[PDB]
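Asks: Spelled out, the chains give:
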Amino acid sequence: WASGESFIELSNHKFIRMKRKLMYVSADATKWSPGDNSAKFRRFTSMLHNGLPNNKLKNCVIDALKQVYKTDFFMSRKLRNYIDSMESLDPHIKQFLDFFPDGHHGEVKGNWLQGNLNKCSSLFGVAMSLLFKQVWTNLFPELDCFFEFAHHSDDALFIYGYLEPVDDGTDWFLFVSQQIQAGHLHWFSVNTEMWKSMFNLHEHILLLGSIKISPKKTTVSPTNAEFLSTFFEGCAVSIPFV
Amino acid sequence: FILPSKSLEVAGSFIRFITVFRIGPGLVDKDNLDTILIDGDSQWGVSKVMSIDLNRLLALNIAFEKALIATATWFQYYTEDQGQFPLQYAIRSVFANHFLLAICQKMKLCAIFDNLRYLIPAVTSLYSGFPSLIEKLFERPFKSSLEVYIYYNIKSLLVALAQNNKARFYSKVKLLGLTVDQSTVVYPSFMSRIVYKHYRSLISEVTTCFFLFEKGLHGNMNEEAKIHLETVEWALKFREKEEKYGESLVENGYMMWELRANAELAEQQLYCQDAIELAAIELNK
Amino acid sequence: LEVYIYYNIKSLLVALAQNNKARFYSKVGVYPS
Amino acid sequence: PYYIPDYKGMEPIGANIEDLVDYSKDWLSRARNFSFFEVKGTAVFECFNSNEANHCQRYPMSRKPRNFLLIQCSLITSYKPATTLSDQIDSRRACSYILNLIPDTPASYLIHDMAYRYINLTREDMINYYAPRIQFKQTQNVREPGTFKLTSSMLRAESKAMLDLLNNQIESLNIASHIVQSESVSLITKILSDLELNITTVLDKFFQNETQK
Amino acid sequence: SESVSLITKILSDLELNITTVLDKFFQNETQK
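Residue numbers (the deposited numbering), protein chains in the order written: chain F, 945 to 1186; chain X, 511 to 695, 700 to 799; chain E, 656 to 683, 699 to 703; chain C, 224 to 391, 401 to 432, 449 to 461; chain L, 414 to 432, 449 to 461.
Calculated directly from the structure, the hints in this document are not laboratory data. A hint or two may mislead.
Reference excerpt, derived from the structure (chain C facing chain E, CB under 8 Å, subset only) [stated by the list, open to error]:
#	residue
1	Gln361
2	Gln363
3	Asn364
4	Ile411
5	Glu415
For each residue, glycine too, the CB sits at the ideal point set by N, CA and C.
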């Protein structure tokens, strides 16, 4: 996609040249995070298409998800023994002990506590990313943008293709202003550095499904041999031999 | 000199000892000795009563082997990077560094190297979330001089790595089978005077240093209270959202019109039913 | 270059003023390069 | 034979993609802040300095950098692995060396007392001290091999006080100061420099040529 | 910050490695 060139169509049968550029985002989107609602999977499996003729297995999966919703967290013995002494740090320790009604076990909801739902969560993330792709394509039918991703275990790689002015002239800015004043309010976020708006919309749409791109440990870089090579090596090897 | 102490096979016990040695080149820190007994042109330093546990004792027992293994790993990685055997100077420098890191097993250094593993790529890329990773470095107090030395090295290395992003220019390279416009930009070693060609070798150096710290201190009570409090805090946040927005709405998820009329519902631990349905449709396609 | 030299001077002098005073009035040290 | 039960399931709801498109139009119409920060080189330095200031504010300062070297030692020559005979010879010479010095601190006093007690052990005690348990026999002082008993009579006042102390807040170094960083880098640089001074099948071929060399 | 970063980059780039009896003391200490 980047090799080719994009030309936009102004109303009076005119063409504006554009330069296609890419920038990649690496993130651990499907990595289990402590703040997550496992209940979001119930409607997903209610609507996901499977070749099965009936709904017995799908409904059984939904019922399992319902039962795994509420979990009884238990305080480890070492912490219980230790907490009986040195309670100088009263605020947070007091809140933590208040979480336990009887001082031995409390109720945890939503969070599924590092349970093995890797493939389910990754499939959910793929679904939400395809949703963002569809929404962005609907948003700017005129613009020739681009978006492709590929998960690997707990990682991801979102590639955003965007359009930048070639002549550095105001023709692109003039077109954007005309679109804005014509009623297309959303074009305000496209004239300068549209890839930022692409990523912001993508992250917001993911947040609509409770997925949160971590503000740390996510790197975004343009086409770079070293960045891609390190991503692919990280994909290939899981444990350092040392 | 081995003072009496509780038996090391009872958990939580310590063995208390004290060393006296002739002052000379080696693992000598003058300011942390108990005293230096002067003599006739010879000074004898005597340490303080130092108590170590079984984990630290066994870690000290295999310090030489661990340092040698880490040095050989660095040797292989250097040859893979450059293509030529390193000079004896770099070899001896990294052996000294690995030996000193294997000697001093402390939790602060382990955390520091763990964060540095993810700090290096965060300053190599174009944009990233490096401020949070930097803030992670200042969570526990700096107690000894080794920690300050390692912090100073990390700060210099990170600033140097981030400075390379001011000279980014577009070139033409062939990836796979297509010639594309990439954006290129030194990579100073962490424990020598050499420069690398790929920053992945820098990351490998840092990772090798991170794994010189035994997993025993990786499971200290200070690191278990952390996960307990994390789970409890997130549960309490879920309860707060539940009581503010009603249990049914949190557990079942809001609709589109609720989000458009509120816009504060778009948050972690809250999902939009319409969004899940639409994503299921998009994947069904 | 002038700004960098001034910044180094400022840091060194602030550190010396903070430190050497306590390392002065004990009775009748460490000075960074 | 078993049959999967009925359960409940869920019924679909009307989800309009165009509704999401309208919401996204409204969202993108306004101004939003990118959640990632551009790496600059000045920005990382500013972040480090700001966090240094915050760290200094959060913790009380300390002026005593605590110990890190758990076993302080020194060598000038090659080291031969210690055997039992060499252990006996070296313990004798070490006690002779210790008996010359004058202790200044309670730990040094205990050091001197224990060296004196070692030098004042009988021949049978020394034989059983270095003997294996197979040949080991109970004596008056060497209760177990490689150990000796030491009652309170031999220890002086300082050693007894230090033993009494043994038998029975949060602060960080000023990371932002030039003096602390310079002293730390100088000390660890000296330690590392002293740690590099030189001391006064088919795979074997490549091994000896490249790695062993 | 920008000035100190630039000058530190220059200084580090300048440090990078590139591939009678008085004479006895000189060659032993200063020349070495």
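Asks: Hint by hint, which ones does the structure fall short of?
Replies: 1, 2, 3
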